[PDB]
Amino acid sequence: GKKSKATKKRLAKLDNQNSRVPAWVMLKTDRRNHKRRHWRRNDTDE
Amino acid sequence: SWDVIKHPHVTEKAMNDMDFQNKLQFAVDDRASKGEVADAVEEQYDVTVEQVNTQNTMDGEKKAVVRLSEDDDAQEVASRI
Amino acid sequence: XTXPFXX
Amino acid sequence: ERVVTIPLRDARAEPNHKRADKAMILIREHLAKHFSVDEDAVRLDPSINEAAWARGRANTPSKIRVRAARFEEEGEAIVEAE
Amino acid sequence: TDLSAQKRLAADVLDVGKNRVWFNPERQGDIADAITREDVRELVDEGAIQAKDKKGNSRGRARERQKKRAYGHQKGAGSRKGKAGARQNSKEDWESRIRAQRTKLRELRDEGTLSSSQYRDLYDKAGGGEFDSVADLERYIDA
Amino acid sequence: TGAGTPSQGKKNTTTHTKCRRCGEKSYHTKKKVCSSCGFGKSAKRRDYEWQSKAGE
RNA sequence: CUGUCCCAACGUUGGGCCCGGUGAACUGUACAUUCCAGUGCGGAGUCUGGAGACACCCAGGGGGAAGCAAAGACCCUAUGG
RNA sequence: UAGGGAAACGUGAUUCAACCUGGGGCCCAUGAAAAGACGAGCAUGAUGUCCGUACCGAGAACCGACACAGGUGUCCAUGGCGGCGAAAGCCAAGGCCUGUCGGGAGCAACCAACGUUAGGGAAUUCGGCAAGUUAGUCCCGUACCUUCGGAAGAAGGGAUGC
RNA sequence: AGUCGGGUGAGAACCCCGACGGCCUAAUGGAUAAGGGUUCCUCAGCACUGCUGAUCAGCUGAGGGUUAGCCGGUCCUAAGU
RNA sequence: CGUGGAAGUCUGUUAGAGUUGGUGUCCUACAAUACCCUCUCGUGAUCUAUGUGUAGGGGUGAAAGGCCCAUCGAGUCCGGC
RNA sequence: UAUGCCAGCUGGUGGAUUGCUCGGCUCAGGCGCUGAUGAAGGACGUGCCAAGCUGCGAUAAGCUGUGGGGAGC
Ligand SMILES: [Cl-]
Ligand SMILES: [Cl-]
Ligand SMILES: [Mg+2]
Ligand SMILES: [Mg+2]
Ligand SMILES: [Mg+2]
Ligand SMILES: [Mg+2]
Ligand SMILES: [Mg+2]
Ligand SMILES: [Mg+2]
Ligand SMILES: [Mg+2]
Ligand SMILES: [Mg+2]
Ligand SMILES: [Mg+2]
Ligand SMILES: [Mg+2]
Ligand SMILES: [Mg+2]
Ligand SMILES: [Mg+2]
Ligand SMILES: [Mg+2]
Ligand SMILES: [Mg+2]
Ligand SMILES: [Mg+2]
Ligand SMILES: [Mg+2]
Ligand SMILES: [Mg+2]
Ligand SMILES: [Mg+2]
Ligand SMILES: [Mg+2]
Ligand SMILES: [Mg+2]
Ligand code: NA
Ligand code: NA
Ligand code: NA
Ligand code: NA
Ligand code: NA
Ligand code: NA
Ligand code: NA
Ligand code: NA
Ligand code: NA
Ligand code: NA
Ligand code: NA
Ligand code: NA
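Those protein sequences? They're chains 2, S, 4, X, P and 1, same order as listed.
Residues 1 to 31, 35 to 49 in the authors' numbering are what the first sequence lists, from first letter to last.
For the second sequence, the authors' numbering assigns the number 1 to the initial residue and increments by one for each residue that follows.
For the third sequence, the authors' numbering assigns the number 1 to the initial residue and increments by one for each residue that follows.
For the fourth sequence, the authors' numbering assigns the number 7 to the initial residue and increments by one for each residue that follows.
For the fifth sequence, the authors' numbering assigns the number 1 to the initial residue and increments by one for each residue that follows.
For the sixth sequence, the authors' numbering assigns the number 1 to the initial residue and increments by one for each residue that follows.
Hints may contain errors.
Selected chain 1 positions facing chain 2 (Cβ under 7 Å, derived; list incomplete) [stated by the list, open to error]:
1. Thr17
2. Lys18
3. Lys25
It is worth saying that the hints were derived from the structure and are not from the lab.
We put the CB at the ideal spot given by N, CA and C, even for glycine.
Generate coordinates for the entire structure from the input sequences, incorporating the hints supplied.
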């Protein structure tokens, strides 16, 4: 498919939201990314 | 008011274009054109830009591969920052 | 619903 | 060390399209028994392998001469075609 | 050690199917440490990496048969599988023929042997399918 | 041809997409109308009383 | 024309069976080694009388549990659709 | 005296996809439009921004709740033998051993696919269901009927390699 | 549709090298549209996922990767909106 | 006799389309319609991609009450409730 | 005395029960419009390290003034 530039910025963003909860946020909060998404398993909008 | 140049895109492949083709790679504002990217780069580091290739990265930022004239030296411009 | 179960 | 004739008539008890594999086992079991060594310690030089697979995976010979030697600090035989 | 990565690189540098590149079994360790295309070409120059030769089916037995057949053998009823007109296209054949006949007739005319009219008369009979081959044509011409 | 699983294979057409106005993936890119907010059809926002119980 | 049949046989491959690993579901009021009879809301493993019955486990083909699965489509009824 | 090749770094021919250009035939069917190009020269210089570009494209990257035996468009239709063939079978190039659990028992009964069964030959069965028979090509030859087109590969007989 | 050697490793039937043996031939090869959306590459891993195992991976974590005056979009108009 | 090459023409697992029998395999499936063999069409009222139009008592229908996203003798969602 | 039945003991599985309340539910008083000076809502950004939430808007968890507050942040 041919993605537009906006579609891309979004796909981009979605990709970053897909990272882990930084190691330090764990210690800082004295101890889960509920928005983790697999390319195959899950499905993005658009 | 946005700025044209965000910061130097330093990575291995970025280093090569520098040590081997006198090219500097930047992360520039995605609303900026090659021409605007050229000027900015010149006025900022005081060099002569010959050509500028852009690309809209999967990081939501626009990467620009800037090639300097033979008068300027990438490795040197980069070293000062 | 069609004779033998369930044809 | 000695020269032995291994009968591979029992690989017929295995489905035909797989004789080769079974044959190759029969050999290890035979050497292991006749040399008083564990099947693990039986090294079959690739010569034997190619020998058994010569005519494809389903056409393995009914016999096969093989030269085996015995030795080392645990016991084990090395073997090859002849 | 996993040399699969290299295999992909070697296959491209040597420019051969991956299935052809050969890695010396005694130099896995080295090939392992090979990371860049350059590292590969070097191992190639060292002969550690090589490309097997690709075969081609042997047209030998074919040629022997081609001979026999050109000579007219090995073409009996028992060897024909296709229909008749399948083996030799009729229209095509008629083109071949009627053309040689018109070519012949055209020659005999310039050559003086035939008067425009004799030619005319013959040409029409040819296009009318009166002469089997050129031979049969000539034969008829000779009274 | 079953209307079930076998007819699922041809489903590769894109219709509903992230809407420019409301942000919902309800913008029908072929109709150029949002099924959610009504963008493309109505200046006002798509809203109905039946989206909740009568007394509420 | 032929294993469709008289009338079945042998064979081939994948299962089946044993071993390592992985590992569900259907179903379950309770009790439950049953069998022959009888009785009972007239179609009982459980009541009554007899008979039989040492426990546990493997494989099998499915006789019974009016087996499992589905609040009978037939039929009637409803001041139903 | 670009490039590429370790090297040689060919020449002719046949058949000829692509591509080019003609002729004929059909329609109670008539087979887009617009932008644009041409028409309308040459030199030198400048400018040519913006968006897409990874990868999969499927018996694991798509739809089907799944790493689903299903579904899903285009181009490669000119690789070799074969033969009528873009057919079978076999084999290159390329791909693969991931239609992804294995080990053991001559490996029983039973089941799935299937081979061969003497004599008989549809007696089976609602019914020849299932299976089987026939088969390619050439020659000879061909009934009733018929809307004269057909029936027709009727049927039947012969041939077949090296 | 594997087999014998061997490599790596705490651990190897299935991760890698070689040989032998095979499988795919309008496809199990090559290029792509839609669609997916980072699945691509690299390194480090095995708690999850993988019809067994795994040192392997489309899995986990971190980095990196897509460069156009002359390929597409962009322009034109089609049914039609 | 030849030429010509017509046809909702013939043979054909060319591609592609279809779906007659096995009432086979499957029937907690590979699969909420699959698998295998057999079978029909395959220059036309042909098959197919993409784009586009028709909307619910309304469409669409070479008509089977067929089809309108696993939903049809009146789709689906929410509301009346 | 194997397979095993019943009740208990120790450990587990499970998360009921009891206690607890940063949330709900309902009543009441006060108050009550925003937007082309571009609202409401949404997208995307924004942190040294930043996935979520909140805040904010390229001056991006903020900049200025006045008052309060105060030794912390
Ligand atoms: Cl012509
Ligand atoms: Cl493109
Ligand atoms: Mg670009
Ligand atoms: Mg009924
Ligand atoms: Mg003809
Ligand atoms: Mg339907
Ligand atoms: Mg009793
Ligand atoms: Mg009832
Ligand atoms: Mg009735
Ligand atoms: Mg690419
Ligand atoms: Mg798979
Ligand atoms: Mg017989
Ligand atoms: Mg009879
Ligand atoms: Mg009878
Ligand atoms: Mg039949
Ligand atoms: Mg990443
Ligand atoms: Mg690794
Ligand atoms: Mg990968
Ligand atoms: Mg026809
Ligand atoms: Mg046909
Ligand atoms: Mg359409
Ligand atoms: Mg009816
Ligand atoms: Na997805
Ligand atoms: Na950046
Ligand atoms: Na039989
Ligand atoms: Na039973
Ligand atoms: Na050929
Ligand atoms: Na495996
Ligand atoms: Na004629
Ligand atoms: Na069928
Ligand atoms: Na309706
Ligand atoms: Na309701
Ligand atoms: Na108020
Ligand atoms: Na954050």
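Hint by hint, which ones does the structure fall short of? none
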